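In case you want the letters, here they are:
2 protein chains.
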Amino acid sequence: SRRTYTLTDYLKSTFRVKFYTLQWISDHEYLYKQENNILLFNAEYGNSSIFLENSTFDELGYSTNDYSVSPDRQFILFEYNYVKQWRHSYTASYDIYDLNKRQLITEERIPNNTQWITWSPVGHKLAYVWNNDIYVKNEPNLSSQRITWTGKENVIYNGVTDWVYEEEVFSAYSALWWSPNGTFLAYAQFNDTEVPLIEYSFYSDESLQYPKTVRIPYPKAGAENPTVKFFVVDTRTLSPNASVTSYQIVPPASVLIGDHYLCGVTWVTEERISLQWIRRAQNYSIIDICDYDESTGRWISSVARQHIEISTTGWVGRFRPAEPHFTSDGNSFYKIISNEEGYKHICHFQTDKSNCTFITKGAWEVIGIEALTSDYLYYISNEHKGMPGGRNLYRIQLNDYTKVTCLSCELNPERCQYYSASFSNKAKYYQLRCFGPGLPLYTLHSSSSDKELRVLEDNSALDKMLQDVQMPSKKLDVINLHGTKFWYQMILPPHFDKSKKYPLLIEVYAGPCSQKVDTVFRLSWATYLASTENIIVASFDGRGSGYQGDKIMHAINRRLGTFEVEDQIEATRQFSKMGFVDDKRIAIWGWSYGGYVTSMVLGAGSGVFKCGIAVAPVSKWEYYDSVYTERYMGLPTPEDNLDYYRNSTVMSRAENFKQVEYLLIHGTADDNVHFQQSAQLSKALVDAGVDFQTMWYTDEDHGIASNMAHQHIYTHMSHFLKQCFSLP
Amino acid sequence: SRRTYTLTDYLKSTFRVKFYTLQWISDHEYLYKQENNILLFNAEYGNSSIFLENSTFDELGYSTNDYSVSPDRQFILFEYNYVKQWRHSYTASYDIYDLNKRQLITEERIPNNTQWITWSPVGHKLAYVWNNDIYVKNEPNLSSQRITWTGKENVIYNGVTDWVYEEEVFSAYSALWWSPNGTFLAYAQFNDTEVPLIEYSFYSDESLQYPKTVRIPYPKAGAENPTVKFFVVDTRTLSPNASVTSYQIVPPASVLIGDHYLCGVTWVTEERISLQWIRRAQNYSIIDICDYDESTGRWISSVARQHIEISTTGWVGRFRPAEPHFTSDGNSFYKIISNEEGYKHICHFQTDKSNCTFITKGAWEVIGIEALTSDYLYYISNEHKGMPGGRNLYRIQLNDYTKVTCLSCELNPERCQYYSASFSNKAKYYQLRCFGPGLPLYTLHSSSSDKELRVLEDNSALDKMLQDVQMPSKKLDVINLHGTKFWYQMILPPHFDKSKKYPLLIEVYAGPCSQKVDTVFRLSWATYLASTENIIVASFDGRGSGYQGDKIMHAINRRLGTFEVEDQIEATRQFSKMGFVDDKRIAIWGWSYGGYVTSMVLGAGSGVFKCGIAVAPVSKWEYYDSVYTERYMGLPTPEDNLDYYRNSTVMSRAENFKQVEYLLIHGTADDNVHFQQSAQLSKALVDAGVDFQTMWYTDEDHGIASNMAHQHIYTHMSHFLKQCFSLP
Ligand SMILES: *[C@@H]1O[C@H](CO)[C@@H](O[C@@H]2O[C@H](CO)[C@@H](O[C@@H]3O[C@H](CO)[C@@H](O)[C@H](O)[C@@H]3O)[C@H](O)[C@H]2NC(C)=O)[C@H](O)[C@H]1NC(C)=O
Ligand SMILES: *[C@@H]1O[C@H](CO)[C@@H](O[C@@H]2O[C@H](CO)[C@@H](O)[C@H](O)[C@H]2NC(C)=O)[C@H](O)[C@H]1NC(C)=O
Ligand SMILES: *[C@@H]1O[C@H](CO)[C@@H](O[C@@H]2O[C@H](CO)[C@@H](O)[C@H](O)[C@H]2NC(C)=O)[C@H](O)[C@H]1NC(C)=O
Ligand SMILES: *[C@@H]1O[C@H](CO)[C@@H](O[C@@H]2O[C@H](CO)[C@@H](O)[C@H](O)[C@H]2NC(C)=O)[C@H](O)[C@H]1NC(C)=O
Ligand SMILES: *[B]([O])([O])[C]1[C][C][C]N1C(=O)[C]1[C][C][C][N]1
Ligand SMILES: *[B]([O])([O])[C]1[C][C][C]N1C(=O)[C]1[C][C][C][N]1
Ligand SMILES: *[C@@H]1O[C@H](CO)[C@@H](O)[C@H](O)[C@H]1NC(C)=O
Ligand SMILES: *[C@@H]1O[C@H](CO)[C@@H](O)[C@H](O)[C@H]1NC(C)=O
Ligand SMILES: *[C@@H]1O[C@H](CO)[C@@H](O)[C@H](O)[C@H]1NC(C)=O
Ligand SMILES: *[C@@H]1O[C@H](CO)[C@@H](O)[C@H](O)[C@H]1NC(C)=O
Ligand SMILES: *[C@@H]1O[C@H](CO)[C@@H](O)[C@H](O)[C@H]1NC(C)=O
Ligand SMILES: *[C@@H]1O[C@H](CO)[C@@H](O)[C@H](O)[C@H]1NC(C)=O
Ligand SMILES: *[C@@H]1O[C@H](CO)[C@@H](O)[C@H](O)[C@H]1NC(C)=O
Ligand SMILES: *[C@@H]1O[C@H](CO)[C@@H](O)[C@H](O)[C@H]1NC(C)=O
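Chains as they are written, first to last, in the authors' numbering: chain A, 39 to 766; chain B, 39 to 766.
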């Protein structure tokens with residue numbers, strides 16, 4: 039026990055944190071890949087059975103990265119040849135295996151380079167996208183029926199999102215929604231025709247004699263956006279000799295006026311579908327409940343069935359309006375919206391009415407709704423011990439909003455304060471995933487009596503390994519800024535000697551609705567800095583952050599680069615007042631927004647920080663995509679918010695950099711925050727005669743996650759830091 | 039005390055170095071720009087007379103960047119809105135100014151964005167290229183007649199060269215040649231249709247929302263090269279309602295068998311032109327002398343007026359074959375070719391015979407021919423004192439080659455060992471230009487009396503300021519390697535105490551036919567490193583370098599990255615063994631070819647150098663343009679020399695980089711040595727797990743010459759170099 043958590047321990051993950059992944063296929067049974075073989079687990083008893091032996095897994099092409107079984111358990115889908123694209127997107131090859139015949143389907147296979155594929159809700163239909171067009175396979179071995187013909191690379195998307203909807207509006211590649219019983223298949227169609235193209239070089243493998251130019255339809259603040267169309271297809275008439283039967287649903291008049299987005303799709307019943315649209319502005323979204331008319335095939339909507347959500351201080355929801363949770367009969371629904379006091383809370387809605395009733399209230403927020411039986415409502419919130427960085431499972435009794443109980447609060451009060459859950463089909467069971475403050479813990483529960491049932495994964499192996507290495511200690515706490523109570527966290531080195539003055543590192547994100555202060559357990563770069571380098575690392579959630587109410591979160595509305603930056607400075611000061619902090623050796627580092635924030639801090643000329651590192655940071659908001667940017671800044675026009683766009687650019691503070699040591703990093707293949715941003719920033723600094731450091735990473739993207747790149751960037755930021763702090 | 043040459047001194051050019059630029063315009067007169075007036079000096083006596091008062095430039099309203107007066111002296115050409123392109127190309131706006139009526143022509147003006155323009159050799163005709171098409175204009179007040187219609191950006195070039203031709207064949211953008219009396223206008227056409235495109239990003243100004251992508255047809259090793267065609271236009275029939283009368287001259291069959299290049303054009307008489315072509319391989323060139331047949335308009339070529347030049351030991355010429363110099367009647371010409379001992383001397387050719395007579399011989403070389411009257415032939419060679427790093431003007435007698443005078447050797451033996459000259463028309467007078475080792479001295483001479491009419495400029499001023507400053511000393515000497523003596527130079531700090539031990543910095547280029555060791559006076563970065571940082575900065579010309587015969591020059595033929603790199607390490611070793619050298623602190627740096635060698639050396643794992651810096655280096659020969667690369671390496675095919683193409687890349691030595699401190703720099707808008715080269719090297723290094731330093735420069739090209747960039751890079755390099763040498 040005379041060794042520490044080294045840099046290599048971090049980069050090689052020599053300390054394995056185990057998890058437990060399962061899939062609910064019934065209301066009490068779940069699948070679990072063990073020793074390379076799926077097993078069916080019976081939640082009620084704990085007894086399992088082989089659902090698919092390993093061996094049967096014959097490295098088809100490469101490796102079986104993912105599998106999905108049809109709902110009737112007659113077939114299982116195998117995914118191989120996975121080729122990542124953006125953040126959620128990717129292509130792959132797919133095999134379908136017959137669990138009856140126990141053979142592999144060989145006639146009529148799924149196309150190579152498939153973009154998205156999915157079993158229908160019931161039975162074993164399949165819907166999939168390929169070359170931006172949709173295809174429906176009722177039966178596996180049979181042929182597939184093409185549903186669209188407009189698909190075109192980089193221009194028209196049927197069933198899958200383009201770059202901006204994938205990154206900022208759905209957070210997923212898919213834009214396909216089967217009806218509850220497989221009758222209808224809904225999809226979105228995207229048109230990127232007038233969206234400008236972002237282009238950059240991809241050098242590829244050393245042997246390529248000429249670099250390639252990657253081209254992506256990418257709308258930057260204020261530029262032409264992709265347009266959208268929604269379609270509902272009746273798969274009943276899908277026939278090789280038949281036209282396709284589909285109805286196009288348009289947005290209510292209030293959104294249809296100017297530019298807009300489609301932010302959500304939720305089937306209520308085989309004949310009732312809920313669409314949620316939001317305006318480009320984003321301080322006005324609306325739910326439109328549409329019902330099928332059996333006599334015309336049309337899908338009708340109406341005023342009685344529309345619900346408008348707006349914001350006067352900013353944008354709707356956290357990163358999009360929260361999703362509606364309908365009751366089985368679909369006549370009412372539950373959904374999180376801001377308070378009269380700005381706290382996110384569950385309101386109960388009537389499908390054909392306009393008034394709603396909150397069933398939760400308090401100086402805390404509801405993170406999300408987890409399940410909804412005819413009796414209870416299961417959700418997750420940060421109310422416990424009033425700390426916003428905590429997560430717990432609650433169950434509220436629908437006939438008495440007073441009868442609210444906490445299922446995770448007391449299970450392991452010290453080790454578990456941050457949870458997420460996975461409910462079984464009817465909410466008879468759930469798995470409780472504890473991500474911290476102690477080692478992660480996975481357990482299974484019965485909804486009937488709320489009994490421990492059993493433990494799925496306690497990371498007892500990890501714990502064993504750690505008590506033979508000097509780990510850092512992390513403490514959460516509050517500090518006061520301009521009246522408001524704010525949270526912070528410090529990763530303190532081992533053998534904490536208060537008489538000693540320790541160099542301090544601020545690890546910062548600080549983007550709207552962000553939260554860098556929580557109880558999640560993490561084995562990170564800071565672990566190594568605290569443990570081995572004896573550097574205290576801290577984080578602060580100030581104005582603009584989230585899960586604390588709109589007042590705090592909407593604070594930076596239309597003025598990014600201001601309060602959240604200042605607040606980091608103001609808080610580091612207090613941190614420097616303390617005695618174990620060597621106020622003459624403090625740095626600040628951050629990625630993406632945090633790389634932006636960090637850069638603004640250094641150019642602030644507060645003389646508080648000695649140095650900082652910015653990795654793939656936003657430098658000028660007119661360079662970032664438009665869905666995100668415009669949500670917090672409006673349009674860059676002098677008739678709107680041009681002035682605050684122009685003065686929140688890191689380049690505007692170039693001269694102050696003459697006062698600190700700056701390390702600038704970016705991947706030449708960043709498709710998210712373009713390399714342009716840092717190229718433009720370093721050019722402004724050269725032009726201001728400022729000296730600094732840079733580190734470009736050839737062909738790496740926003741995550742600089744290739745193995746060698748990952749190792750190298752961290753190894754590099756550590757040398758820069760030990761030099762900024764003159765450490766051995 | 040006393041002042042030392044500071045970094046700022048080097049960066050802001052605080053110490054100016056005057057010169058004397060003149061434009062001969064007759065056998066005894068020349069133009070000079072002084073105080074912004076254009077004086078017309080008379081060589082014979084020295085008396086001058088205003089030609090255009092600086093009163094005119096003030097009235098034009100635009101910043102005159104250059105001018106050109108018509109040979110008949112009736113008009114003057116004003117250049118403005120100069121926009122640099124590649125190394126020699128640029129576009130610009132032009133105004134013609136009628137001297138006589140001291141008015142400015144405004145009718146039938148010259149197009150903005152003109153790409154090249156030139157007065158006829160006699161009279162006041164003009165020819166210029168606009169949008170890759172050629173235009174002739176007989177009168178400044180008249181309309182111009184179009185000559186070509188095929189002109190097309192990035193595809194067809196008429197009158198000017200495409201990218202590779204500019205950079206590697208003509209070291210010029212022009213591709214047109216008037217005849218002596220201006221009867222003909224000969225031009226070359228370039229077809230880049232199949233030449234691949236190098237593409238990269240140009241971020242430009244901070245306000246440009248989307249980066250643009252630059253595209254240039256650039257042939258890389260072995261790719262498809264542009265094709266060429268030559269035409270001679272009989273400008274006598276140019277009328278608005280008449281066709282262009284033109285004949286096309288094709289190369290001799292021995293060159294047409296495969297890919298070739300046109301590498302030279304020389305008018306001999308109004309009815310005789312000399313074309314010089316060379317096979318794509320470049321160890322076979324031929325000169326075709328064509329005479330105009332007055333009865334048909336064709337230009338006839340004959341086997342008797344042809345002359346072949348080959349190289350069995352490598353390529354021909356230095357960077358191309360030497361141009362021929364014809365007698366006034368074209369019955370013979372003189373030219374520089376290699377003698378039997380591998381030494382470049384002047385051979386005298388009879389236009390219609392095949393054997394030639396050398397008129398100079400010895401273990402030194404002729405640099406180039408400067409002039410030729412029926413009696414004498416003036417030239418420059420490094421014969422004097424037997425040092426290839428010096429140059430002198432010599433005169434040899436055509437009816438007796440034993441009679442050769444050195445017109446410059448003895449004018450200032452200690453101040454002047456590096457000359458060049460500019461002769462008046464008919465070689466009657468000539469300006470001599472001394473570049474070192476002393477301060478630059480421009481004098482004027484009579485070719486007959488061999489008397490120095492007067493000093494045009496002696497930098498008497500600079501010499502003053504340079505006494506109140508601690509300038510370093512520059513020593514030149516020799517050392518032996520594998521049996522041959524190779525020159526080297528050192529810039530010793532002031533108060534250089536042979537006793538003490540100083541850090542050594544090797545400064546390298548070491549490209550084929552290169553010369554780093556000479557006697558030219560240079561106020562530089564090294565002058566700062568030696569003067570203020572007391573660092574010795576040495577250079578060495580080993581195998582591969584030139585001006586010392588083909589054996590030394592062709593030693594690296596087809597094996598770039600071998601002998602030259604190996605010799606920069608042997609020399610350093612001998613240097614380390616001189617006692618005033620502190621082997622615990624030796625470094626190496628170079629730009630371009632020198633960044634390559636610098637990288638190859640660092641990667642040799644010879645443990646001699648502590649650290650090194652590479653600026654815009656070639657890293658893999660298959661990435662560099664085809665003309666240059668191939669000339670010394672042949673084709674990258676396994677049949678040809680592909681095996682040496684691979685073991686000579688810099689990424690193949692990546693492991694050895696873990697033993698040294700490295701700094702890789704490249705300008706992202708580099709169109710010569712593409713940024714791809716360092717992106718690939720950096721990637722190979724990230725992949726090897728090698729730690730190193732990187733610095734990109736946004737939108738800077740191969741020179742990284744913009745005002746602020748220039749400063750930033752030398753500042754940045756010094757800081758890095760100083761920590762490596764542990765200097766405070
Ligand atoms: C327009 O042309 C006239 C030429 O007649 C220019 O006048 C000359 O201006 C220069 C500029 O300094 C004077 O030279 C100076 O000489 C002294 C020597 O004592 C030296 O100390 C200075 O450093 C500088 O070199 C020169 O005497 C003067 N000559 C005349 C005839 O007045 C005038 O400057 C031009 N105007 C513009 C806008 O360039
Ligand atoms: C994608 O959107 C573009 C609009 O930018 C559509 O193109 C226009 O289509 C109309 C109707 O055919 C034409 O009259 C216009 O000339 C088109 N303008 C442009 C910019 O091309 C295009 O039809 C849409 N594609 C799909 C499949 O909806
Ligand atoms: C952009 O300009 C605005 C307008 O002045 C800045 O806002 C002011 O910031 C100072 C901070 O010293 C405050 O005292 C004022 O109350 C602010 N006024 C307004 C209009 O809110 C803003 O800070 C600038 N943004 C950046 C990135 O510096
Ligand atoms: C590339 O490979 C060639 C072939 O082996 C190298 O040439 C030999 O190099 C060794 C050691 O440097 C010498 O002792 C031999 O005499 C050389 N013989 C040959 C075949 O030329 C060459 O040095 C290598 N160069 C590079 C760039 O790696
Ligand atoms: B970074 O913070 O991840 C980057 C720049 C700021 C916004 N951003 C994004 O990637 C956003 C936030 C999450 C969806 N896109
Ligand atoms: B650099 O050394 O100037 C670069 C890489 C090697 C070739 N090169 C050039 O710029 C060439 C050499 C001469 C014509 N351009
Ligand atoms: C398959 O499962 C058995 C136990 O059920 C196990 O012993 C065997 O090693 C597994 N094969 C592999 C390596 O996946
Ligand atoms: C567990 O055993 C019960 C009978 O005791 C059976 O009904 C159930 O299907 C089993 N579950 C599995 C898949 O092991
Ligand atoms: C559909 O049309 C195709 C045309 O080739 C035909 O082969 C098929 O029999 C038709 N299906 C029916 C039975 O309607
Ligand atoms: C929504 O934003 C627009 C401009 O961004 C503004 O004109 C409008 O008043 C806003 N509406 C609300 C609810 O504040
Ligand atoms: C220079 O002097 C010569 C001879 O005296 C004379 O012919 C000529 O006109 C003069 N030129 C100038 C500069 O005016
Ligand atoms: C250029 O070359 C292409 C063939 O590569 C040819 O088709 C084209 O006509 C040429 N253009 C001219 C003007 O000769
Ligand atoms: C040239 O042709 C034009 C009409 O095309 C005519 O008006 C003009 O007179 C002609 N000029 C000459 C050169 O005779
Ligand atoms: C010129 O080079 C080629 C290969 O590139 C070679 O075969 C040929 O012999 C060379 N010329 C001579 C005369 O050496």
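Hints may be right or wrong, so weigh each one.
[Unchecked claim] Ranges of calculated distance between the beta carbons of each label pair, as one might list FRET restraints:
1. B:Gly424 <-> A:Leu246: 11 to 21 Å
2. A:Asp535 <-> B:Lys539: 35 to 45 Å
3. A:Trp187 <-> B:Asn745: 23 to 33 Å
4. B:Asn745 <-> A:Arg253: 28 to 38 Å
5. B:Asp243 <-> A:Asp535: 47 to 57 Å
6. A:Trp187 <-> B:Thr231: 43 to 53 Å
7. B:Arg40 <-> A:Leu246: 36 to 46 Å
8. A:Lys696 <-> B:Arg492: 30 to 40 Å
9. B:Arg40 <-> A:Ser562: 36 to 46 Å
10. A:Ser562 <-> B:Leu49: 15 to 25 Å
11. B:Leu49 <-> A:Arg253: 52 to 62 Å
No lab work stands behind these hints, which were simulated from the structure alone.
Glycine is no exception: its CB is placed at the ideal position from the N, C-alpha and C atoms.
Hint check:
| no. | hint | verdict |
| --- | --- | --- |
| 1 | B:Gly424 <-> A:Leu246: 11 to 21 Å | violated (49 Å) |
| 2 | A:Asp535 <-> B:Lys539: 35 to 45 Å | holds (43 Å) |
| 3 | A:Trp187 <-> B:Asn745: 23 to 33 Å | violated (56 Å) |
| 4 | B:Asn745 <-> A:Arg253: 28 to 38 Å | holds (33 Å) |
| 5 | B:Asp243 <-> A:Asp535: 47 to 57 Å | holds (53 Å) |
| 6 | A:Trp187 <-> B:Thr231: 43 to 53 Å | violated (36 Å) |
| 7 | B:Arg40 <-> A:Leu246: 36 to 46 Å | violated (56 Å) |
| 8 | A:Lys696 <-> B:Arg492: 30 to 40 Å | violated (50 Å) |
| 9 | B:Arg40 <-> A:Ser562: 36 to 46 Å | violated (55 Å) |
| 10 | A:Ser562 <-> B:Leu49: 15 to 25 Å | violated (43 Å) |
| 11 | B:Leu49 <-> A:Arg253: 52 to 62 Å | violated (40 Å) |
This entry does not satisfy hints 1, 3, 6, 7, 8, 9, 10, 11, going by the numbered hints stated previously.
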